[PDB]
Every structure is written in structure tokens, then in C-alpha cells.
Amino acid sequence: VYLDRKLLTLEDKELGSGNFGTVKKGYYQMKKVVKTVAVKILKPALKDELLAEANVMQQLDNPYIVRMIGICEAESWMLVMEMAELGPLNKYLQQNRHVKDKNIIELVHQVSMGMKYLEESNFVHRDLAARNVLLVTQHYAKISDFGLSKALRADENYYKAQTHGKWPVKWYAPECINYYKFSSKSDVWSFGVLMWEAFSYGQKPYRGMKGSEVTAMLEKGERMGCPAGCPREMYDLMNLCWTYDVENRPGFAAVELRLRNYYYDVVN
């Protein structure tokens, strides 16, 4: 089942670009309302990758995950998604230093809610970073980019990668680097890095370090420090996400609960 090209209107300007091609803003005529959308436009593996991305998104339904409207094929093969007007979380915080810690807590908590749902759904994101969190409003975040995502088999709690590819190593847990094992707990490690990025206002983690130097740092039990003005309770949570041993590392249910309670304590 596909979208009708005649019901899609594209704006010529591009929101982004990838190896696949470009991302463009558009409008899709729904039953009555016209919906603003973001469209990934493919320019053979590139097509297989986008189709696998669509296959994952088709199965997800959560307020904190970017929804796929559908696939459209006419002059080009297209992946139609809902539009997150404010763009990537890292770029937004870089340009909006006035954002309060309470607001950052709210957004990272929303990411933890989407990840809690992903974990329950038995999918591993594998690219959970601040650049992949898209903002609908300054108070509404959604997880995007299911390009490296995997639906875990009914009998396993991890996805085993064959060989090391183009990996975002700085966001990867030690078992990913060492055993090529990807689980919801490895996404928890990435979520810790994402939290650090968010409280650092979109600064890059492990500044000026090579991937191998990051692995060597973590193996010595060393971790990134507390970002300037970051609540200590949030830094403690990042360190819990960065638990070396996968078995002792918390899952998204524990992480979301810790975040939820801390946010409501701040509200109180």
C-alpha cells in the first residue's frame, strides 16, 4: 500500500541531504486536512536501505517517534514523514542557549518515553544521538532516523552485527565495540551520551578524540564530566546509562521512571 503522488505537493527548498538524496518539505492531502510533511527523496543498496527504514517505521506508533505517512513512487521513490518544524535537538540547543534545565529535562524525558516504547516493541534504534531527536515545538521532541534500526528476533534480546561499518563509536556501548552486540541496553548507553549532548547545548561528545581513544578512555573507567549547569541528578543518570557491564546497566523502563519522577519533583 502506497501514497498517491497526485495528493503530494513538494516545496523546492530542501531541509537536508544524505547519501540517498535530499529531504524536502511538502504537503499531503489527507481525508480533509492538508498535512505538512518531510520527504526523503532517493536520488541499489541506497533503495534497499530506505525500504528497510520504511519497514521499521510502518510498525511503530508512539507520540515520541516521528511517524511515517507512507511511501510514494512516481518521478522518484519517496519516504513521507510527519514534519518536525524546529529540526534537530543539537542544532536547536546550540542556537537557543536560553533554554532552561527544566525544559531540557522535559525533552530528554520525552525521548526516554519513546525509547521505553521502542524497547517494549523489541526494536533497537542503533543511532540514538541528539542529531536524531527532532523538535515539533520547544516542548515536544520525537526520535527520528531508523536507518540502522533492527527488529529483534522473538528468541533474542540483541542484534549481532557481522562486521564494523560506518559506526557512530562515540555513542556506542563497550559490548557494541567489543562483541558487535546491539540491544535496548546499548541504546540506553547512547541515551546517556544524548543526555550529555542536550545538557551541553548540542556540543559534540569526547571533543577532539579518535574512536580508539574513546574506547581506551572508557576501559580505564573514565567518563565525560558534568556539563556546566547540569543538575547533579541528571549527571548521575548519565553515569548509570554508562554502566560498563550490560547486565547491570538499567533498561529504558528504569531510565524513564527515574526521569519522570525527577521531572515531576522539579514541577513540584
Contents of the next structure:
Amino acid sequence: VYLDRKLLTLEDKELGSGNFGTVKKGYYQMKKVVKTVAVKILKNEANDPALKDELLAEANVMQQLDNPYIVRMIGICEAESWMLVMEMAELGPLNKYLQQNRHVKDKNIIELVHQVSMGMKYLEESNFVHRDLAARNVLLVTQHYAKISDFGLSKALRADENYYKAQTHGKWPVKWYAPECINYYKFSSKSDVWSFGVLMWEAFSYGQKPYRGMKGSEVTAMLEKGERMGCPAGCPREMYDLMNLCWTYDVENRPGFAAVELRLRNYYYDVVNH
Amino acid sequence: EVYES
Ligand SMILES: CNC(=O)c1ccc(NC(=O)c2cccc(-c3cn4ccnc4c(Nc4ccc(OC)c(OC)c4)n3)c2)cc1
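Alternate state requested, the form solved in complex with the partner chain (shown: the form solved without the partner chain):
What follows is the whole complex; the chain from before opens it.
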């Protein structure tokens, strides 16, 4: 897991930045080949050191995951700051991509969201809860290959429980959270299925922000009234129904990823045939 | 806008 700073070459341009720190493109010398990487670099100035604890927690979750539809961690490095070195997904965030590529066809969107469900079906099987499943966290390798990223809120489920109980409401992506998450702080894989429904809405809306113009509290209020976001323009009716199914209010009656993935798989096969 | 406390 611990990498050699001499084997890592960084570019000066930041691909992204924020409260987490910055993200940079780089290269890492492997056994023979050189590997293009995305490196999450900690702010350092704003130490905390909560940032360092969550970066190693994120690294610990990533090290346990092995699936084609999940971003692979190369390793961690302690140098100028703590660094999380990941295999680069060249095209970046799905919402950013689709906002700049409105010519992407519905069949291609179905192909990409299906790949996200396959990775989520694997995460569910591994008893990991994602807790930040959103279009911004789906990264594209190519226009036909999506991977799930950002395990900063992820939790390994206890052997005796189906969900993770948070104690306090943190800095949460509320618009992607199921009612049980907001109301009882309970996160299960079915909670991630709810987030998956929102991600699907985002993808078929070409990376549009969900619940536009609304506060999280107004979203919670809307969801309680049994109201849901409308069908995106050009979105197949079968995809919208799958979105509404992911948005089943009661966690007990919501499908799991194996059911969600199967529905997506069969519909993709139908779309491929013409 | 995205992460709310
Ligand atoms: C509408 N706007 C957006 O939605 C929006 C804006 C920026 C971001 N994300 C970030 O700040 C961010 C933060 C931490 C890490 C990464 C991260 C991680 N990885 C692991 C493997 N590959 C990557 C990887 N690739 C990448 C490749 C190409 C890009 O530019 C075209 C690019 O730009 C961010 C990232 N990035 C990203 C999310 C959403």
C-alpha cells in the first residue's frame, strides 16, 4: 500500500480542488510499464488532522475492492502531503462529461449506468455501503467505460448488521440520500440504490443538477408528499420506471442491486437488438 | 449546494 515518492511524477496543473485538497494527474513507475494516475493531495495548511484519518480510511476501503467498474487504488504516499494514488480515469466525472457532450445517445447512457449497477452489485456483495453515489463520482475511462469513485464516506458493514448507523448528521449529499438516511441516519446498500436512482436521473438529464432550485429540506418535504422528479426529456419510459423503483420510500420494499442490475442488463440487451 | 450540514 505504501508508495515510493521517487517513482511518482506529478504535473503542475490541478484537475480539481476544494476542501479535500487538490487532484493532480501524474505517472507512477510500475514493475515494467509506467501508469497514468490521478493523485488526491491533502490540503496540509488546513491539516485538521481529520483529513489524514479519512484519507487512510478511504485507502483502507479501496484496498479491499477488486472490480472492473470500481476505481483501483495504486497506493498511498507520505511526502509533501498525504497522497492517494489512483489509476487515472481519463475522461473524468460523468456529470461534467455529459454537460459537454449532449450528443451522447440513450443506448450509451444505458450502457454506462448499467456498468455503475454492476460495480454497485459487487459493492453490495462485498457488504460495503458507498454513501456518495452521484454522477460527479462516476468517472469515465472512455465514452463506453464508467467506474465508481470516491470512497470518502464509505463504510465496511459489520458482520452482524445490514446497515451503518451514523451518530451525527455530517456534511452530507442530502439530494442523493434516501428517507431512512435523513430520518434515522441508517445507510444500507438499499440506501445506495436510492442514490443510484438519482444518479440515473442525472445521466439521462445530461449531468443536470437534481431537484434544481431546492434546499435539502424542501427535497425531504417533497419526498414525504410522495412527489418525485419528472422524466428527463428523451429518457426511455423503462429507465424512468427503474428510477421510480429505486425511489421506493420504504427501504424494506426497495430493490437491491442484484434486482436493479438484472433489470438494467435485460433492457440494455433489448436496446442493443434493432 | 451539494454537501449540506
Ligand atoms: C460539473 N462539475 C463536476 O461535476 C465535477 C468537477 C470536479 C470533480 N471532481 C474532483 O474534483 C475530484 C476530486 C478528487 C478526485 C478526482 C479524480 C479521481 N480520480 C481517480 C481516478 N481518476 C480520477 C479523476 N480523473 C479526472 C480525469 C479528467 C478530469 O478532467 C476532465 C477530471 O476533473 C475533475 C478528473 N479524478 C476528482 C467532480 C465533479
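In this text, rigid core is short for the largest set of C-alphas that superpose within 1.5 Å between two forms. Residue numbers count along the first chain shown, from 1.
Enquirer: Considering only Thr137, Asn103, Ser76, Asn122, single out the residue whose C-alpha is displaced by at least 2 Å between these two forms after superposing the rigid core.
Expert: Result of the superposition: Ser76 is the only one at 2 Å or more.
Enquirer: Cα shift of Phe20 between these two forms after core superposition, in Å?
Expert: Its C-alpha shift, to one decimal, is 3.1 Å.
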